[PDB]
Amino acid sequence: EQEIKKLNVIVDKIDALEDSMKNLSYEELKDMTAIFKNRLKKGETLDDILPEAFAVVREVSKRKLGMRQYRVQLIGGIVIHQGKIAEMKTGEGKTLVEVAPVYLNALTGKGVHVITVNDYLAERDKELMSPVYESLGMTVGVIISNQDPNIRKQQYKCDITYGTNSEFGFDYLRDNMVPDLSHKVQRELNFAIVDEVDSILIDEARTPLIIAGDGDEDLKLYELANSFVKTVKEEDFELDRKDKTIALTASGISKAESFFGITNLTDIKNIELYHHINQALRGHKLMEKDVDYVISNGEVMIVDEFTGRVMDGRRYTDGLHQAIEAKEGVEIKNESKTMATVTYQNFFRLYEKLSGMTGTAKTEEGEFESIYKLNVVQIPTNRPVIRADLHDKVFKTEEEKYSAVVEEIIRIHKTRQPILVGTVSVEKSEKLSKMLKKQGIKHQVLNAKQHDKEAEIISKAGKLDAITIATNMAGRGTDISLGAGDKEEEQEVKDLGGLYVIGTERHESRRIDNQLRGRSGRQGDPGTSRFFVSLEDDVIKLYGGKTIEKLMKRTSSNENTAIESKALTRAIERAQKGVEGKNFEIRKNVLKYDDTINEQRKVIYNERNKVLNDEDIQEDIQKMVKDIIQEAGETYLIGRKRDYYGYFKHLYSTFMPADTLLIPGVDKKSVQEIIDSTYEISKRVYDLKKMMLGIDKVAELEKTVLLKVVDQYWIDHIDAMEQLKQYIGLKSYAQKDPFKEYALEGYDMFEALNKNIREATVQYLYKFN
């Protein structure tokens, strides 16, 4: 309320400025982008310049679109500017509301992302609003699926880029899968306005964004690595049963490189081949059937050394399991491979400034503030809503209800009022449509299969004899104008009561119910809506409880008569809130599983970027080197009581070149100076490297390897964490939450990931120079 008064005082300022914009030329209006930037360099903030800048946009808007913004459109724009969700009904001009705040934030030159739910929408909307951004001297881009990358970076280069939610996501993952910084397509994730914020950020929130890779080579590599190991003789590898290491000897390397037709197997270029080879070796000579793993029902299964029983489910990490599949003649898995993933939720949280619009979001406000720091402001409508939202017409059976819907559509169709029928699936749409065809009724069916074609059709849905069956995801973003652009047909159809809205099922949420109603009664227009439902409908039947159960058990009487009573109405409403409650509670619970992989992922991506953008990673390599030494110090010199043979055999198999570990004074030399001394020997290995190749090649090599190693291990960790979620599905405990195991094991796994990266980076930089 006071909230609206505040917004209104700002709008008053825009209106005061109208007169002056009215008498400027086109070039004067366009010259305002430079006046705004220069003043921004001088001291004013976007908040200080917004009135005048909105005034510039209304004006260019009036002349170029012939759409002068209304007060409530400017209010929505200010809210969006605030990095909030403006709740605006269907027909309030969301697409237009976006132009002023977008334009305002595009002035920083940092870029702005206007997000849609699909390709057709993003292109249409950008094409439609381009004349105004261009008339203000800015450039607009757009991102869609059938798109050339070269064009892709350019779209992000414009001051403004349009695109659908998933493509801004896909691009982000790809940018963190790149080898060279100058391969990225994006700039900073600055500001994002998300359309239909509740379906995206709430309903679809968990949607995984996956960049996946083909298992073409993984399958040949696994096959080939296995037959190459099969020809290996004892003189080709050195193994240690006790400490479980196995490395190829020099003859092993030769047989290997001649076998695979390669030149230096240990060089970083062959990381992938070398890694599949070490796993076959290990799989073949360190693991044994009926001791380490068993084969049952055609699968390699892990034996728990704690009981000798199998670990139903669990798989070996880093290709080791496949290695054993090939080794045993078992079906290796051709499962699709995931190179990168992020959900909508975690992706939209990455923006410095977030925003959104929707027709209904106030009820989910707690969650929007909790998850994203988004608050909701309800923007009053331009005109009063007179659409009659009538009470549900209830039936005992689904067949009675559809039969009743066909008749209601006939009765109305005969008065030639247009009818929008809401449905919950392509299958319902077809059942309904086949029933209208039975009675000779012409109509159109929108299945959200082809947005553009569906769009021209939904636009004509406000015509005189219009009947349109629309699935819940068909025809969004297009307005249903009464009379389709004819003043005579519009007032006529308007005289008739506007668009008639019929729902054939209640949805999993009252919001979607409201979104179907919102299809009619736009901008002051008349209209009517009603829901036809029945006890057999999913929400009623799955969540309505004992009252419904009893009702469905009764002996069927009075076919086709509607049912009603207050107690029937309390149980119908209660059922809907039940699924709303459940869905809400499931969201909350999956959130902590999702946050855990999300927090891992931010650390690995920040690191990966630190590499991609330089600054300096040489100390980080020196920290990994020290790390490995401290750990070996702890495992062998302390855990095993100065087991020098093992301390050095371990450091040697890990990364140190042969015969370098000579320390005297050992035996009455503290463990720390044994680590300090060992480190100085490492520094001299690396001094030899710097003298042979030069500091530049050394620092660069660091870059090349750290990156290739992080990718190798992080793609496997991704898979291993998904496997972890799967396993904690089963075995639970009488203590507290399945989540606690999950977290504990996730943490141990995350430490195992970083231990792997360092040992492999460091080996590669130090062991084979």
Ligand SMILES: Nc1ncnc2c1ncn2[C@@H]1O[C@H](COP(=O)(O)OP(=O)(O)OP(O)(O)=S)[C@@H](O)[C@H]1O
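Numbering follows the first chain given and starts at 1. For clarity, a rigid core is taken as the largest C-alpha set superposing within 1.5 Å between two forms. Compared with the form solved in complex with the named molecule:
- The comparison between the two forms, aligned on the rigid core, picks out a single residue among 632, 138, 210, 624 whose CA moves by 2 Å or more, and that residue is 210.
- With the core superposed, residue 670 shows a C-alpha displacement below 2 Å between the two forms.
- Relative to the superposed core, residue 183 undergoes a C-alpha shift of no less than 2 Å between the two forms.
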Contents of the next structure:
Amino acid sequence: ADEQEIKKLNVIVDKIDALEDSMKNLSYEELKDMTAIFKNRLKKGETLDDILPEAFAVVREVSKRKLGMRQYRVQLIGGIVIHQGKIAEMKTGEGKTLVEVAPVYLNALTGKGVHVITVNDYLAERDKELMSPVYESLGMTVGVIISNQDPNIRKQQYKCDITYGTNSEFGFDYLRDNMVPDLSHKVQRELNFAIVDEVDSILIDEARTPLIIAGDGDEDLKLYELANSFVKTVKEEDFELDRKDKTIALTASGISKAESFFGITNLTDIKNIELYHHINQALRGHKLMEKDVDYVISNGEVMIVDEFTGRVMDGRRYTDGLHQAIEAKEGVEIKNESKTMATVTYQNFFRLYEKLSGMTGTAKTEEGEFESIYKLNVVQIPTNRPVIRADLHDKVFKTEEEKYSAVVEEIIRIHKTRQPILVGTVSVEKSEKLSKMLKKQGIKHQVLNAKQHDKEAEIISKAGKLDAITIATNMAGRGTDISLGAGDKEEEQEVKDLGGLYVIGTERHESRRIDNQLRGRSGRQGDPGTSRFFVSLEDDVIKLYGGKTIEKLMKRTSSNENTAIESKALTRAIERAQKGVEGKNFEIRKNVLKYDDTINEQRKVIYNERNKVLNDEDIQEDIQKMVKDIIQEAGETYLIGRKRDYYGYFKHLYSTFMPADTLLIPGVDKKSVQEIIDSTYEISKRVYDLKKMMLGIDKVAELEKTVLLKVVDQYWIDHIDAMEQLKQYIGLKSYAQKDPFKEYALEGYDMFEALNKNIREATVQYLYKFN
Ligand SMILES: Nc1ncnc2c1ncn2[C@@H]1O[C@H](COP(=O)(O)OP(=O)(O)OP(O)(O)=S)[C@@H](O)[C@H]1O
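Would you generate the structure of this protein in the form solved in complex with the named molecule, following the form solved without the named molecule above?
After this comes the whole thing, all chains and molecules, with the earlier chain placed first.
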């Protein structure tokens, strides 16, 4: 079992050990000073790895002094392992919180910024508060990212050398960090290196659901209303149209009416894009479309119509604000709720780190997933002292009452013997149910229902001592330790001889992993302990995932009340049920990660092409590129497409971005598509020269960024929410052999081209059409 991987690793610790004595003589400052010595050496030569022995050795004595926690080889091996970029499988109570110190320090010497992710706020704040004396003492700084944290403070934390926090906030922050307008609000920093505590939990387990930021539609609510009232008051002269090419615009009569109606007196400018966009689809919905032709009004809602059948294309909603507009138009309750803006799985958010790593107590079994996703290599480490415990069997039953009384009675029994027990549950109500019998009978205990992880954290530590009964859910008091004695050497041996801590799990969990975690809370290093599972036939995991066996047994009749069950075949069935929800879950992540890849490739560019604008990167060759793009398109459409519809081609460009009287070109019949476009484009290069010369190349470029970036946001968020609705729409399909994913990709590919186009034709319009 990973013998040589650990053996070679052992050579590293072997060296760390020889060094120890030399540093022993050193003062507190002779040690801090070393952080610098380190940094400077890194510039002169040596790799982070070439430093490893001394680096960790320095964390050893500094740790060995400010917290007492000197480090044990296993805690060193694991330290090296995190730095090597893998998983550090150590069992509960093995000291993982400290296995991290040595590795952060080492990597934090680059000034880049290390990341330590935990399962929750408390776990992170506590983790940082504990090891900070080691970090601080060595000339480094630490910060932790907690929930509802103001931007000002939040910035400072990533600024610090080391940073801790809930997995939810790191990936969350990021979203806002890339979703934000200017940089006065970006909060993150370079995602360089991360250490994931309880890696199986965040990565493998959470994976199932993605992170999603949404937005409260207060603004939009009365916005379509105002726009719709105005478009309503508007006259035929206030706008011009063309149902032939499905376009419409607001004439000069409208610009002023809008400025007079609203308090906005400028319009057309990037500042206002909003009122303008809204009044736009408000107008289009009012005249370009019509009742019973385009869209239809059934009951209290407005459904869309398909042109290929005349049927109602249900499920699908109108694009970029349109439906919301038609709704306002007719006079029906508007769907203004849950706006999905940001979204991301941990499968990818974590892929975004130069060097990934983590620790846990159960991962080598899921290695194939950890590697073929995060290319995380699980390396198992030996436990410090030999692990002696009693991982007892699964007391099998039928009927929850039978299972429950068996549990209640076995607890009164262990309790009198004087030993503590840990009753693991998997529901706040089940924990209360099991609680009722104990109270009904008269035996003291406390309920840890994962809500105030800190208050409960204290409770579980004490739980580990003398006559205590603690019923915790599978998420209550996690990183806390079960010290036999609760801090006393007296109760330590008393409870040590009595046979450790006892663990009883209500039902078999969703995986062997979660179960061994209840089993793991006991028997650390060198402590006796027992753990047993009181299972029953109606427990869902078996009830639904068991098979034909549990069914007939459950159906039969009734006989031996309170009498437990057994059989070879019975167990053979109980295990398939768990490995069945194991595989069920294996594939739910598969069909969540892929659906994200599609949006991840998109979100990838929309983001780079968003960051260009922010870090003052030149966008002139690119805007000009898309400007040419619009025209090359006009080419295939009217130029070549229909045949040579000059009136249309020109209407399209006047429609799109060209001014009023400009594209006048001789030749036409004598000239070819390309030449005609080269001309239309030179005519455009001139239009921009008029702009630069009359505005100043600087405002011209400065303005280039103001509107490119602004329209991306408007059309991107809407493309995202809509890409989600697209997924929901595939649900009502299947066909002969049409993969539900395949369709989603195609209808998502062109949907991306439509989005990008809505940007091409929009940056330019604002950049040329009016000024
Ligand atoms: N080398 C050590 N010497 C003394 N105490 C130690 C040492 N290492 C860890 N501890 C103690 O062990 C307890 C912490 O164990 P943890 O770090 O929680 O182990 P773990 O359960 O693997 O970690 P989590 O829950 O993934 S942080 C604390 O009471 C520490 O004081």
